[PDB]
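Asks: Use the sequences and the hints to build the structure in full.
Protein chains: 2
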Amino acid sequence: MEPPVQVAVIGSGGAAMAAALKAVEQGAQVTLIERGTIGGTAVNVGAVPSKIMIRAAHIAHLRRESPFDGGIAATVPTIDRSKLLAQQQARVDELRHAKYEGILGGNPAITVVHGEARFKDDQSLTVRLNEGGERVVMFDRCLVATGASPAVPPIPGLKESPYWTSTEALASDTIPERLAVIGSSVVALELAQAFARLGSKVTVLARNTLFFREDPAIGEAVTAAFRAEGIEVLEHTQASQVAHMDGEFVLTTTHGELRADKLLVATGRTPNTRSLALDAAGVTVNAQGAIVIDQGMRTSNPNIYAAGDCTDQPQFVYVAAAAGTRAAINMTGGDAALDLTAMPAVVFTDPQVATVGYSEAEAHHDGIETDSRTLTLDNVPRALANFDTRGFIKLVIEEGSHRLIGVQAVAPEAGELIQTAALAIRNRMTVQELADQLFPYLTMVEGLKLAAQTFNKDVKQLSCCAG
Amino acid sequence: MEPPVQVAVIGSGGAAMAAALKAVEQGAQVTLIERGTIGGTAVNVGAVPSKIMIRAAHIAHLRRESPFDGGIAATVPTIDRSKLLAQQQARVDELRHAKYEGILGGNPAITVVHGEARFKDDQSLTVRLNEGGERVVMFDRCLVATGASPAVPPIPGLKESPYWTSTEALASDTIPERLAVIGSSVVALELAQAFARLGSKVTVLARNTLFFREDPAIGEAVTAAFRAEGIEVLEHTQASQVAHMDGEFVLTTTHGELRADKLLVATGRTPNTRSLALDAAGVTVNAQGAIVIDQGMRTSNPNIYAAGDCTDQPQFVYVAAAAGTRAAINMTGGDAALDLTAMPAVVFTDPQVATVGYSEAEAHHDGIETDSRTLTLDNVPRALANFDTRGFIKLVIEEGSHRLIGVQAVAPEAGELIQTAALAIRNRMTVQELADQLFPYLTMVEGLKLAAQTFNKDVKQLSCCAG
Ligand SMILES: Cc1cc2nc3c(=O)[nH]c(=O)nc-3n(C[C@H](O)[C@H](O)[C@H](O)COP(=O)(O)OP(=O)(O)OC[C@H]3O[C@@H](n4cnc5c(N)ncnc54)[C@H](O)[C@@H]3O)c2cc1C
Ligand SMILES: Cc1cc2nc3c(=O)[nH]c(=O)nc-3n(C[C@H](O)[C@H](O)[C@H](O)COP(=O)(O)OP(=O)(O)OC[C@H]3O[C@@H](n4cnc5c(N)ncnc54)[C@H](O)[C@@H]3O)c2cc1C
Ligand SMILES: NC(=O)c1ccc[n+]([C@@H]2O[C@H](COP(=O)([O-])OP(=O)(O)OC[C@H]3O[C@@H](n4cnc5c(N)ncnc54)[C@H](OP(=O)(O)O)[C@@H]3O)[C@@H](O)[C@H]2O)c1
Ligand SMILES: NC(=O)c1ccc[n+]([C@@H]2O[C@H](COP(=O)([O-])OP(=O)(O)OC[C@H]3O[C@@H](n4cnc5c(N)ncnc54)[C@H](OP(=O)(O)O)[C@@H]3O)[C@@H](O)[C@H]2O)c1
Ligand SMILES: [Hg+2]
Ligand SMILES: [Hg+2]
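In order, the protein sequence lines correspond to chains A and A'. A prime marks a further copy of an entry chain. Under the deposited numbering, the first residue of the first sequence carries the number 1, and numbering increases by one thereafter. Under the deposited numbering, the first residue of the second sequence carries the number 1, and numbering increases by one thereafter.
Don't read these hints as lab results, they were simulated from the structure. The C-beta atom is built at its ideal place from N, Cα and C for all residues, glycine as well. Please note: incorrect hints may appear among the correct ones.
Cβ-Cβ distance ranges computed for the label pairs, FRET-style [what the hints assert, rightly or not]:
1. A:371 with A':64: 43 to 51 Å
2. A:227 with A':114: 44 to 52 Å
3. A':436 with A:400: 25 to 33 Å
Replies: Okay, structure coming up:
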């Protein structure tokens, strides 16, 4: 009779949870090791609390102003951040219980160990237990799903100052009068706008332009939107010194001296791999410290897998979970691979950013010949009816085949409409085929159809829902 | 040398516009006859003004209340309906110019005639001109695209009372203190909620239940939502007498006497065909007065076509436009057919209703064996993060193949997510295939994936974005 496979999982985030559950489903016995709070980043200090805070911010903003203020009075709402934080935290705590702790605890084929794991060799871990002492965890296969942590640039004075990462910002019980933000990508900008809408005077120090690594139309639209609601965006601006004196931050910058009550540093994340003794198990990392893996999540050691933010994978919980599931399949004798060809991504600013597939520049880099169309939102009936035409929908096609290969959008509800684009790309549709489908009038997603139609004719001279 | 085909178009709405433009593109000479305002229903008195008013209502509602009121103060906003109406009307007038009048006037192959057309015979019309007298319009082919008008039930006292249809409601410059609504489908309920949110005390007299012809889960959710925000929904209630006395409506009902300042009657629409002398051209109508057509929009007379609300077609401007385009193709020697298999539909209540493909009941009626899953919105991360879990997402599949054949949703942004469902149905995807696609976390559209996963496993015991 053959014994259950012994699977060790390091972490308890989206990747680890998916792996643990799939491994048990496949008949393995799981030992899961977590050094901090169960659930990792998405539930505790990431996606969930951030989206809640952004929704609160949206309501505050719309109470302050709207495109219908000519006929609907607005007021500046009083904000009780203590109550908002309590509400936010209760949902976080509830979800941690329901989807993480309750699922791990209610399964007898799973042992949770509260401690910090490192590799002893290629078939065992040593765990420094949170209650002191150690245990050894022997395994047949191991998944490393240790995630990442906020990166901190070596700006003089920053290290010893009382600055915030996303964690401390989300956990804060007060809205600061003045918030400085160093960074210019999704964490910085999601949180900058939320804090601004909840009452902070926000200044963003962007070392280049916003969303510098994305199609430049994205940063252009987001920058304009931010400035329109009173967020200061200092482009090509870095702080050379941080100080905290007489109860406030003092930043020395290329733009002059800036003062603020709180400072958010949102300058990327780094993989959590330095405490793992990966060399002891022959697990290779890249120049950023990320664990190198193939499409099956296999490391340089055949019995060790890695998934999620501790690898080079896109840092989205749906990617981490998908990777964990497939790692578990492979740890239990299967043959699975992760396909990210139609992976959507959403930035929860207002307007939202959403992308899927190739930008023009990404396609060019991969040797693909392209064409594109960029439909400004003043051509989308829904945006016109809302009297808010900030943004655009951009479609990228392969030349010759006219297959849709990418979409980038800046729009309210961009995160909803992007999934239609994602399915169109998955199903290898041409823009003509997409345009010939019926879309509902006066929805944002109708903009995909209208953009697709501009490859053939002028949408300006097209009648209502022609197609 | 062969002459341009002479195409007559009756109407100037979505169907007529699409046809006129396509006919010219195909080398025909168009004579378009319109008795009233250019643009017909969607732009002037339908979709556009209604969606604007509903958006205004949404802002008013969120200024009044939200799930975040524990930490964000709310006020009752003053509403200036004169300013809101002016804003609404300016957008209507702008769009009529841009997409209808400017397009017709700027094309020399198009003659617009201001008058009421009827058939003289099967190759000509007589037009009663708005400025008096008549002209004859000879044609080789004719498209009838005359739309529909609000239906009015023969309730004693109603005919001679100063009641509203959707037209008068949308054009009103004041929000009535008390609004009674007779009707229980999309027009009644879209407008009931908009008026309620803008300040009216609204009472809906529904002769059966809300959305009686739809999957019963829809009406159940909408009814609960309406009651939750103080709209009275009187089910199985009809008015047997209308009177207008001492400046108010007095309705005699099965629920007792009801009084209101204004009365909206929203009890369907009827095709505009009685003034057409259709018998003179051998064009057959059905028992409702709708012009009978095939999938190519051809009537009983081979030289006459019909499209839009004057037929039995679904009354959506995107259907009318698609039908008009294809009628024009067929009028100019082509072979086109309209496929409504993946036709989405959206109700702009809050939460929205959206449907595509078959309900369980519709599938059963067509001999299709089905299974289904209904995911309540308290399982959707986005809804949880918004602290608003009103609604559900329901998926209908064919048994055996597991092909997705229908989706019904009641949710905020249901109209956006429904298009992903529409494409999945177009591409003949199984629920397993849909579930294995990556969706963005904390979007409403993620609910489609989560619902799809419940055909295989319990979503309650699934970890974050497992899949
Ligand atoms: C502010 C913010 C907002 C975000 N918003 C979104 C969003 O809207 N949508 C989205 O899809 N994604 C979002 N993300 C990203 C998402 O949170 C991550 O991509 C995802 O949570 C990564 O999951 P994971 O399983 O790889 O790692 P994690 O969830 O980070 O879990 C790793 C776990 O391993 C533990 N650990 C590490 N080392 C050891 C060790 N040696 N021994 C024991 N335990 C260890 C850690 O304590 C941690 O609990 C956001 C992230 C942040 C920071
Ligand atoms: C309140 C309301 C809200 C709506 N909301 C939406 C929505 O959100 N989304 C959506 O897709 N659809 C919506 N609709 C439906 C949409 O407006 C219609 O389905 C669409 O406009 C029909 O277009 P059509 O071309 O068939 O007819 P119409 O646009 O009605 O045009 C018919 C034209 O023919 C003219 N005419 C009639 N008889 C004659 C004659 N004998 N001679 C000359 N001219 C004549 C009329 O004056 C009219 O201008 C809504 C409708 C209403 C009433
Ligand atoms: N909605 C979501 O899905 C979501 C939400 C939050 C986080 N996340 C994920 O979590 C990860 C972390 O996000 P992130 O926004 O922190 O990082 P990121 O997207 O990796 O971007 C790095 C940011 O740091 C800046 N930067 C780096 N070093 C700097 C320095 N020395 N000085 C000033 N600026 C510096 C970069 O500027 P330049 O671009 O100019 O180099 C850029 O703005 C990302 O993968 C992100 O997608 C996702
Ligand atoms: N968002 C959109 O796409 C949109 C918006 C507006 C309109 N439209 C379209 O325009 C058309 C008209 O919509 P509509 O809502 O007026 O009609 P509808 O959807 O055809 O529904 C008819 C309504 O009238 C009721 N009714 C009929 N006779 C009645 C009587 N004698 N007494 C009381 N109630 C009576 C019906 O009740 P029962 O159901 O109980 O019989 C039902 O509520 C529809 O095709 C609609 O889809 C679409
Ligand atoms: Hg349209
Ligand atoms: Hg998730």
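Asks: Hint by hint, which ones does the structure fall short of?
Replies: Violated hints: none at all, because every hint is consistent with the structure.
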